[PDB]
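The data below hold one chain only, encoded as structure tokens and taken in the form deposited in one PDB entry.
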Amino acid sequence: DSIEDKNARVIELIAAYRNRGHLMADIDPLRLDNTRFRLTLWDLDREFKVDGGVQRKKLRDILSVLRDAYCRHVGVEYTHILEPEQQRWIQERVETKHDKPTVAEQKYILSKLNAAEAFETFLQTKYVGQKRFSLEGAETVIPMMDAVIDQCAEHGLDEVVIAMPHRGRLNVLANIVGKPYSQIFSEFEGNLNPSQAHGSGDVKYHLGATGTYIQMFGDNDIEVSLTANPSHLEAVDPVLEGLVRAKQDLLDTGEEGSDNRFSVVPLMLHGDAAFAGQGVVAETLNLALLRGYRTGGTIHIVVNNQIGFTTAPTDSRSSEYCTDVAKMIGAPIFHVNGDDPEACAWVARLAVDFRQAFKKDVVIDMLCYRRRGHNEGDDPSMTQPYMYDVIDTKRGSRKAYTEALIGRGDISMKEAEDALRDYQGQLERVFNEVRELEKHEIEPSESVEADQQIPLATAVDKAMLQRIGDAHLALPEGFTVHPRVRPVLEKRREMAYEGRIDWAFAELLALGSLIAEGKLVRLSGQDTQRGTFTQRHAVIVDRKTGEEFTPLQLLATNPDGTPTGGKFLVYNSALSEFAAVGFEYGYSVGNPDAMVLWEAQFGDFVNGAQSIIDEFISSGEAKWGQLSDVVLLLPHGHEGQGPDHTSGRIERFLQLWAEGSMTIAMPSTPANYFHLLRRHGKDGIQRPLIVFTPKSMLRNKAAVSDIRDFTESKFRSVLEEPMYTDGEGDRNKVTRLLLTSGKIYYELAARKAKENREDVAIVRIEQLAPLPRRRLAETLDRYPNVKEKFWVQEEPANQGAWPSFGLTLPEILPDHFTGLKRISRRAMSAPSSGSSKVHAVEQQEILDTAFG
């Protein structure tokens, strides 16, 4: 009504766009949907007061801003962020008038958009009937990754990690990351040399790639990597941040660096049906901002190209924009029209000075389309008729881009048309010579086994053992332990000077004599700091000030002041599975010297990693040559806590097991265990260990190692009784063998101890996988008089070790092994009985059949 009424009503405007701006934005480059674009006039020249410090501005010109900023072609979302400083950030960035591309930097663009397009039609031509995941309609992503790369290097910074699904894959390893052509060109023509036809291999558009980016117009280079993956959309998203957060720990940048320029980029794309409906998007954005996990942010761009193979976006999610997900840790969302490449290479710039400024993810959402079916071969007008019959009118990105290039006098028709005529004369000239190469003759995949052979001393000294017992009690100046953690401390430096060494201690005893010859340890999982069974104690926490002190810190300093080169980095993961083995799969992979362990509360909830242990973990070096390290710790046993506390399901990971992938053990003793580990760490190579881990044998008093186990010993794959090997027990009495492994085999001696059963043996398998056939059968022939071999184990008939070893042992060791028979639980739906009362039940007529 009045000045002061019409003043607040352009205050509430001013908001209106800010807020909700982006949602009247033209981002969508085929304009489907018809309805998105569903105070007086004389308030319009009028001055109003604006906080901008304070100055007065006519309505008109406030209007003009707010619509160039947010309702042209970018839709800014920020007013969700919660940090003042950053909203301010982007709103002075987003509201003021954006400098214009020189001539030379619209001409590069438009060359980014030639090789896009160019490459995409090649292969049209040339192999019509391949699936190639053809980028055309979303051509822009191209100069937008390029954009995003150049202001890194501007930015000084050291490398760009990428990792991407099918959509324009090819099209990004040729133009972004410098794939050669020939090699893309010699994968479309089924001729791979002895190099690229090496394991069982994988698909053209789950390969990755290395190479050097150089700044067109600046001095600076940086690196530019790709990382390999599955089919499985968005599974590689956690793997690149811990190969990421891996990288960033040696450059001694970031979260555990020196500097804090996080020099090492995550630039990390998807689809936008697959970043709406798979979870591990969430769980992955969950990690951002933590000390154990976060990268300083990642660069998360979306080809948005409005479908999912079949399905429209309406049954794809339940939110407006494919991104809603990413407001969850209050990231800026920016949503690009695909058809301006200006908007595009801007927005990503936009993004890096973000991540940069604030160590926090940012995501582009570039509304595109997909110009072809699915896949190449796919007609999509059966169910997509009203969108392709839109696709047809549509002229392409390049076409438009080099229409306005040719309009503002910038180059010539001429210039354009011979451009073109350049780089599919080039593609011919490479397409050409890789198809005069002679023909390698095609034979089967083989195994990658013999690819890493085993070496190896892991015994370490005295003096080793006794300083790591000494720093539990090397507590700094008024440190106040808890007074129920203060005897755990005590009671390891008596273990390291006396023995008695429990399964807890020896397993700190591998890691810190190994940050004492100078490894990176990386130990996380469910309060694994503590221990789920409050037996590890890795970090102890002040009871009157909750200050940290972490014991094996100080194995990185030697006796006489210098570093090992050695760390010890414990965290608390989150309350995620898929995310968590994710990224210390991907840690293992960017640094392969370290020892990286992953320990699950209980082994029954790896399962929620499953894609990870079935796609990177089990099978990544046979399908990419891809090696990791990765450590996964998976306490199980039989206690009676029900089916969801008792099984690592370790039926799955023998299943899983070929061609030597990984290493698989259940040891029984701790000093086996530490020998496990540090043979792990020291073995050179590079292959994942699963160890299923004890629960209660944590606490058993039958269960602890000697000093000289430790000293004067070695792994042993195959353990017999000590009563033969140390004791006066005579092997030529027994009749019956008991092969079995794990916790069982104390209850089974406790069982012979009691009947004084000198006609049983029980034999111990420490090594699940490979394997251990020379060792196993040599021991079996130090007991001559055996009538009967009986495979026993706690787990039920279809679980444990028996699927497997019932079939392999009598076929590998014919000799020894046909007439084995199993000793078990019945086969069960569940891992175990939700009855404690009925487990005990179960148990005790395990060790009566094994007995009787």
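Numbering follows the first chain given and starts at 1. Think of the rigid core as the biggest set of C-alphas that the two forms share within 1.5 Å after superposition. What changes on going to the form deposited in another entry:
Superposing the rigid core between these two forms leaves a single residue from 689, 153, 350, 416 with a C-alpha shift of at least 2 Å: 416. If you fit the rigid core between these two forms, you'll see the Cα of residue 375 move by 2 angstroms or more. Fitting the two forms on the rigid core leaves the C-alpha of residue 561 displaced by under 2 angstroms between these two forms. Core-superposed comparison between these two forms: CA of residue 759 displaced by less than 2 Å.
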Given for the second form:
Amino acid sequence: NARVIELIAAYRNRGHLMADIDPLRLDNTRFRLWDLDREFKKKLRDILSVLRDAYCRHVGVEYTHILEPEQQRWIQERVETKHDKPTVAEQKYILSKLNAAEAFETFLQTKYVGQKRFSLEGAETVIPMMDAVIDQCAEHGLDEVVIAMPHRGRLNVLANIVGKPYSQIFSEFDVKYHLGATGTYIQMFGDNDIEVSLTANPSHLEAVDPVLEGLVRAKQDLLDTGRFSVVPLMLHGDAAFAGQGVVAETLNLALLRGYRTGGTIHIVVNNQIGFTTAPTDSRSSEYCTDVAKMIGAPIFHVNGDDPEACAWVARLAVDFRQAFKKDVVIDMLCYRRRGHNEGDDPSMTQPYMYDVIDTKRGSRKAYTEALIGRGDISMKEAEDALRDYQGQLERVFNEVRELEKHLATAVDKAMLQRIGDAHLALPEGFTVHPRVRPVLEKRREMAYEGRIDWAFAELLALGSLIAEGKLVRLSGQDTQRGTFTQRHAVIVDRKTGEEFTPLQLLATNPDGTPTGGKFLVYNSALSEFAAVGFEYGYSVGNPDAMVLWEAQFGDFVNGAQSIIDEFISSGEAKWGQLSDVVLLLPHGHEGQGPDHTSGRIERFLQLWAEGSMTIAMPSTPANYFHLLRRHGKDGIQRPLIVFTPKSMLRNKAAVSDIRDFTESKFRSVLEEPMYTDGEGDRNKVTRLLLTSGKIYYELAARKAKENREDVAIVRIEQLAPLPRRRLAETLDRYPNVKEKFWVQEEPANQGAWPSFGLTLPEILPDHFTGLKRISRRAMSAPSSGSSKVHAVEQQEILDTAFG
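For the form deposited in another entry instead of the form deposited in one PDB entry, what are the coordinates?
For this one, just the chain is written down, with no partner chains and no other molecules.
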């Protein structure tokens, strides 16, 4: 009886190593008491039969790694029971899905050339599997299923899952393998319907994974679900799932209050190959899905030649996700019938795999034959299924044949005061930390008396948008408090730890009615790639939301370079996909080293093309306030890249008056206040210094010290698109200028000079011919490691500018 308990556990824990999951059976070595009629606390023979049928057939179940005992028991109870065999109607429906999938693959490989790399041949069982996921989500009465996938079988998914007509898919035939889509799934045997959408993606495998999560979360927030009535269905390749780090980063978001989507259904199209590379060179684990153990997700390894087991596992996966709001991974073992592309004979690199693959008949033929052998379908019914295949193959050829034949951002002072007062409108019994208390009181003072600092200006911009009814999502590393202890968007009760969000009071009107707005502010995980991916995705999911991601320091945003390059900077031109995502990048030379100095302005300026992004480096709190309000209210979906301050947050010269918020607008170009408001004479100016950011204050302090009336400092607040007209009109007001200099803190090969030094004399030749540069010398790093070297270099720039 003790040997039985240890045997039951052996099947539950390790039974999946004996499971018949590989349709190619490449591993020969894989499968290599007599008192069975004795009753145990059920007869041993009946215990072993249940254990073999549940754990050693076409499904390999991995679940004993799960720490929650209720989750282990849930799987156990559903897997260790005598399952009701599918009805002939359900079997015929699965067969019709295989018929449609294989007829689409036959057409693709016959009608067009160069389509072999998109081939789903050897993996057509993923179509009835995805169909069962979506149908089971419809059965749960859910609202939408959003899909992210690589290029393999994407057009088959468009036709047989999303339900896109052939006329739309094969219109002016590629970019079609990277575009988004929307459709409606209607249940076959049920009375429910569900929305099905496919998100756009680059060729960069797995990069879309966090983008899907953000998009689904934005949709869930709009529907007020999380319920979690919007389901992410994420498809993968076996080599990419095990090798791409973004997979682990996206899994790590699955249960976070700021990023959870109530569980993702993962489908790995495990064709046991990655171009020419064997699994043994692609991963250090038994399974390509072993990374999912990181969050204790249940994993089901299923034989891709058994579409009934695949459909059953898909439905069980949806039920688990609904019950525990956690990720489920389906590892579908299949094969890639043809080579990776046109110039590939896969027996050059994988002779053994492809000698076995050459003897394989399709999943459709195998399933049709297995249904005859089992006596589930008659010869007429098998013949009718073959008619259905031919008819489906004819329809796509025929339908395609017919296709071929044919605003003010200023707020009222009462708005500033309301946001100010909100910082003191504390809940009953709330204990503020003694060091947070002066920050709340100073904000009430600033709101009524002026000298508004950068940190408060940001909250005035965000707070006024929430008051106007906008959803504001703000996140990043330690973003609630702020890296530089300046934000305090969330304050923590000194005795209970209860969080209080002052800006959330602006979601309610003075009369007590909701504005429709909301403030969602989170501390992110220590991720850049997945967090930026998520935020980009969130802005796509809800175009009406104000979405801001904040880097700890701009220097760490290179960890999210694939998102910047493949989605943010180029998604609009490539896919017509629009994003209003904001990236806040703390930037500035202060002597803290090459990883706490630059958000790499030069790289964002290099990526920029007409109307793709807005790139700014504001120097005043009011200009930042108007930049965020213009972004949220301009009705245009364009990413905004902001180079934000660090020490300039506390510079007492970098403060703004209430009138700058109430009676002004965003200024792309800024002159010195002595010329616009003071008694300064523009006609005395012979040298013009053009700059951006905090170095203005150091240049202005030096000018004041030596009383240099012959020098003027002009700031370019909007770096991209270049404010050509505002720039020209500003410089025209200084007629006696004999020399012009672009002054920057960044090395010569960095900052704005590489692009401005080439663009400014071309766009404005009567103004910038002969433009010279004052900067740090060109460097292989964003700065020196020494704060002593930094300090000498900073002084050398100021001395050169006034020499």
